[PDB]
Amino acid sequence: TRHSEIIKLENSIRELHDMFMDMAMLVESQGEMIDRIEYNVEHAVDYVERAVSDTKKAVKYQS
Amino acid sequence: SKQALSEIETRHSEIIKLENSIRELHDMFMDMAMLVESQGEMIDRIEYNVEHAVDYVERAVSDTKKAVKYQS
Amino acid sequence: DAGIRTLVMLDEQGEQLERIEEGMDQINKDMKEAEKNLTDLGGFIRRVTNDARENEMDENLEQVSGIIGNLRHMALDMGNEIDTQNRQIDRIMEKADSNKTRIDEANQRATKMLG
Amino acid sequence: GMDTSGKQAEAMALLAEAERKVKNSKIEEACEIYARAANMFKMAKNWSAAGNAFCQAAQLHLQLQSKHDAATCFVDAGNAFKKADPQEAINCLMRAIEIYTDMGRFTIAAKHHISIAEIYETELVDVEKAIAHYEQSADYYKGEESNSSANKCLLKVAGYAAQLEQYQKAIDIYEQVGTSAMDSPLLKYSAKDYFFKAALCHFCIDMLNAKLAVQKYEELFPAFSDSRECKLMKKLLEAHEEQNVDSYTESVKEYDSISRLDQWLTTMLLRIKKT
Amino acid sequence: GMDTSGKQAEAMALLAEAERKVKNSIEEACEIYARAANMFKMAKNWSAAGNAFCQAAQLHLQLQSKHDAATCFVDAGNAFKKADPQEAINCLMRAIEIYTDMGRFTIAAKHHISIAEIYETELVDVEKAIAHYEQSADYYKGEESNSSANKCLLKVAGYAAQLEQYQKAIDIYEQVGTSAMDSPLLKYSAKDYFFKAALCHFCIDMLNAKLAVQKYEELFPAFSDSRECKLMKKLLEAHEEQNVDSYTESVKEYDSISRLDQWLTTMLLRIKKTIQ
Amino acid sequence: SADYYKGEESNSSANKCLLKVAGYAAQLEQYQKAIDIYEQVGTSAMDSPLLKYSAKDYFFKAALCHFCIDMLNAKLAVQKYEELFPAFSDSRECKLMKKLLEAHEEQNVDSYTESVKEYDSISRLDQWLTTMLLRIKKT
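Protein chains in written order, with the deposited numbering: chain G, 197 to 259; chain H, 188 to 259; chain I, 41 to 82, 132 to 204; chain L, 0 to 23, 36 to 286; chain K, 0 to 24, 38 to 288; chain J, 148 to 286.
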């Protein structure tokens with residue numbers, strides 16, 4: 197009975213390690229993607245803010 | 188006999204192995220916690236940024252509606 | 041306790057992801073409408138001695154094993170949650186990029202028609 | 000199926016109407044109506060014809076003054092062709108990658124490179140083309156400091172090369188990724204498995220120098236000593252010294268008791284043990 | 000292959016056209045410069061692409077444009093990162109100055125972190141890296157960014173203890189541990205920081221380390237039950253009687269129970285060397 | 148804030164505010180409102196997949212929040228909670244509450260103190276939990 201319990205516990209620990217490995221790699225990829233989107237959205241909002249300001253000043257100068 | 192003492196020693200060696208295994212598990216959990224915390228705070232900052240962006244977009248849309256309605 | 045805290049906080053992250061997805065969709069729709077309007081503008134231990142030195146010990150280790158199974162449950166739930174979050178972010182990516190493309194093309198068109 | 004026939008008839012009719020309208036400024040409307048017809052055909056679920064219509068619409072858009080829209084149409088047509096002749100999808104995705112690189116977006120170009128590599132390897136037995144695409148994607152990612160994707164591509168190419176009997180490239184990549192994991196406080200727990208795979212690759216060459224390689228791995232990574240991988244590898248080598256199947260077979264069976272060996276590791280184990 | 004020669008020829012033609020257009024005297041010239049720099053990047057010639065990026069940034073800035081100028085400067089710095097670390101660092105400084113002028117704290121702090129990383133990994137300098145980390149910590153703490161500020165403070169303390177005096181490291185570890193004691197997520201790690209400070213006290217003198225461990229134990233009752241407390245008590249006892257054998261016995265026992273981080277070993281080696 | 152979030156239909160956000168309000172009310176010695184909030188939150192989180200593991204916790208607090216009112220009503224509430232959520236029996240919370248109630252039945256403060264100290268040793272207690280146990284020790 198010792199062999200059965202010991203091997204079951206070791207298999208469970210191995211499963212813990214494998215699933216946590218996969219989860220950690222996925223979290224790293226998600227963090228990289230989230231950084232990319234942060235920079236993307238910041239630049240996009242800045243560019244649209246510049247474009248709308250340019251349009252406002254242009255229309256005011258014209259009228 | 189001395190066999191009993193040796194059996195106790197092997198028992199305790201296995202216990203030490205389990206000690207190391209559980210220590211490794213706890214270390215892995217601690218490692219994971221910090222990454223989760225960083226991801227969450229970063230999500231919070233991104234949400235703040237997008238909320239400000241949408242507020243500005245709505246203000247600009249309202250201004251454009253005002254301008255187009257009054258000019259025509 | 042570590043796992044419980046991680047799980048609750050990941051739930052919070054998922055809610056925030058949903059909120060940002062809704063915001064991005066609204067932004068894209070508003071920009072498209074504005075562009076169209078502008079275009080239209082123009132046991133555990135073997136028994137050698139028994140006793141509490143082996144009974145209490147294996148009871149404690151069985152409790153520890155039960156807690157390890159509880160950690161099993163926590164890990165599975167965490168993995169599923171993170172798996173959902175990954176696809177959510179991946180979906181948001183394309184919409185954000187397409188919105189940037191739309192605004193860039195609109196700016197180019199505006200700078201061309203004026204002359 | 001009545002629903003599929005009705006959808007196909009509606010999509011054919013819409014495409015015919017679009018052709019009539021374009022045959023009759037007009038470029039914008041023709042492009043929009045052709046895109047609508049292509050979308051409807053994709054809903055109709057006929058892969059070849061829908062993909063051809065989407066490609067024609069993308070070409071018509073190219074005739075129009077637009078760059079990113081043409082690339083989006085190209086990638087959509089390639090995805091549609093994914094269920095069609097692989098050559099057309101490969102060409103369209105290559106054109107989209109070229110357009111994106113012209114615009115300067117390395118990330119989407121590398122994503123398209125990975126997608127084309129995956130479809131090439133899964134649909135066609137040609138592995139070298141997928142390896143070349145993986146190498147290009149890894150270069151693109153390394154250019155943009157995307158260490159995760161670069162490491163994934165390196166691992167994939169190293170595994171394929173090991174399967175191809177190019178043990179030098181695979182073992183060098185394994186050592187590189189292992190030392191990178193060592194440097195990074197995170198992901199350093201996979202360095203033991205990476206070094207185990209590298210040791211297997213080295214053993215494939217011979218056995219005498221495997222002792223030096225394992226010594227180098229142990230001194231570089233002391234924690235590998237307590238990891239079961241080191242014990243199993245050294246025990247397997249010692250059993251291999253004896254010309255007996257029983258020793259190393261028992262060792263590997265006991266190891267398999269804990270978990271099921273993967274196909275690649277099992278194949279290498281059979282290759283080493285047989286000779 | 001055709002790629003390098005073709006892209007170089009295209010970039011040179013674009014540069015000549017832009018130079019002629021500016022000589023005619038302007039946004040078209042800036043776009044042409046950006047496209048030529050993109051071709052240079054595709055040509056794999058990382059060097060001399062940053063020069064074109066900087067020229068385009070200056071041309072855009074000449075007409076009061078700032079956002080595009082800052083982004084172009086950051087891109088030029090990133091491109092020069094491998095081609096020329098010094099030019100990349102200078103461009104990053106210019107971008108940080110622009111962002112500070114506009115008030116973007118997070119971007120400035122991130123650029124400071126990038127400068128610290130490049131300077132410490134490529135060139136040989138710790139004081140510059142320490143200053144950059146300190147600036148990043150200040151910027152993040154100003155914007156209630158607790159995690160990044162704590163990480164920067166921990167790295168600065170680590171570098172100081174590695175080379176600089178033990179006072180700064182002790183103070184930083186004390187502050188971080190005191191802040192983290194109340195945090196439920198980070199409580200399990202709090203003791204860690206304190207322990208390092210205690211070791212940093214031993215170099216000053218044995219009495220200093222004894223007083224520091226006493227203060228930490230009284231402040232944190234849980235730290236008393238920590239195995240680190242037992243190890244430190246045994247080490248202090250060994251240093252009291254100048255017994256190297258007991259010191260090494262405790263060190264080997266701690267290593268066998270738990271692996272070392274390569275920093276505790278160095279401090280223990282220093283203490284053993286000065287034990288006399 | 149909780150009412151605003153409820154009107155916004157953003158669940159899981161007002162629950163924390165209500166829990167904090169209930170805890171403050173318990174610190175104010177008004178246990179009716181805290182008990183009501185805790186039971187409502189436990190019922191809401193019982194069927195939640197993720198929060199299920201935490202739902203039982205709330206019940207335990209309610210039990211302690213229900214202990215100051217009197218012993219018999221607290222016992223009845225504990226039985227009701229245990230029958231409502233069977234898995235709450237496995238939790239050490241039920242054992243601790245039953246042991247403390249048994250000690251308080253015979254007015255042997257020593258057994259209650261020993262149980263509290265052992266529970267704290269196994270898991271460090273909370274300031275609110277320690278204060279509540281001290282107040283319970285009065286009777």
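Treat each hint with caution, since some may be false.
For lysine to any residue, the following SDA-like pairs were computed, each having C-alpha atoms within a straight-line distance of at most 25 Å [stated by the list, open to error]: (1) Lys253/H / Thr138/I; (2) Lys189/I / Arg198/G; (3) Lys167/L / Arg198/G; (4) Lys285/K / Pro233/K; (5) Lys78/L / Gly132/I; (6) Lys199/L / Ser249/H; (7) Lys189/H / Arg198/G; (8) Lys253/G / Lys203/K; (9) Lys203/K / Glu224/H; (10) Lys167/L / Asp218/G; (11) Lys167/L / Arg116/L; (12) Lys184/I / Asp214/H.
From the derived model, a few chain H residues whose C-beta atoms are all more than 10 Å from chain I [claimed, not checked]: (13) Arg198; (14) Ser200; (15) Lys204; (16) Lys253; (17) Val255; (18) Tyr257.
Source of the hints: derived by calculation from the structure; they are not laboratory data.
All residues carry an ideal CB built from backbone N, CA and C; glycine is no exception.
Results of checking the hints against the structure:
1. Taking the CA atoms of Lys253/H and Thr138/I, the gap is about 90 Å. The hint is violated against a cut of 25 Å.
2. Between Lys189/I and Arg198/G the alpha-carbon distance is near 63 Å, which puts this suggested pair outside the 25 Å criterion.
3. Proposed proximity of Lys167/L and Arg198/G is contradicted: the alpha carbons are some 40 Å apart, above 25 Å.
4. With a C-alpha separation of about 32 Å, the suggested pairing of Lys285/K with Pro233/K is violated against the 25 Å cut-off.
5. Under the criterion of a C-alpha separation no larger than 25 Å, the hint pairing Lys78/L with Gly132/I is inconsistent with the structure, at around 71 Å.
6. A hinted pair counts as satisfied when its Cα atoms are at most 25 Å apart, and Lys199/L with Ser249/H does not qualify at roughly 53 Å.
7. Between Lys189/H and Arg198/G, the direct Cα distance comes to roughly 22 Å. Compliance with the 25 Å bound is thereby established for this hinted pair.
8. Among the hinted pairs, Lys253/G with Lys203/K is inconsistent with the structure: their alpha-carbon atoms are about 59 Å apart, more than 25 Å.
9. For the hint pairing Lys203/K with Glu224/H, the CA-to-CA distance comes to about 20 Å; that is within 25 Å, so the pair holds.
10. Annotation: proposed proximity of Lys167/L to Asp218/G holds, straight-line Cα distance about 16 Å (limit 25 Å).
11. Distance restraint check for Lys167/L and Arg116/L: the Cα-Cα separation of roughly 24 Å lies within the 25 Å cut-off, and the hinted pair is therefore satisfied.
12. For the hint linking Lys184/I to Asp214/H, the alpha-carbon distance of about 38 Å lies beyond 25 Å, and the restraint is violated.
13. Not every CB of chain I lies more than 10 Å from the CB of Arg198/H, the least distance being 6 Å, so the non-interface label is violated.
14. Every CB of chain I lies more than 10 Å from the CB of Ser200/H, the least distance being 13 Å, so the non-interface label holds.
15. In this structure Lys204/H is separated from chain I by more than 10 Å, as the shortest Cβ-Cβ distance comes to about 13 Å.
16. Separation of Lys253/H from chain I is adequate, the least Cβ-Cβ distance of about 13 Å exceeding the 10 Å criterion.
17. Residue placement check: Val255/H does not keep its beta carbon more than 10 Å from all beta carbons of chain I (closest about 7 Å).
18. Every CB of chain I is more than 10 Å from the CB of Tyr257/H (nearest about 14 Å), matching its label as outside the interface.
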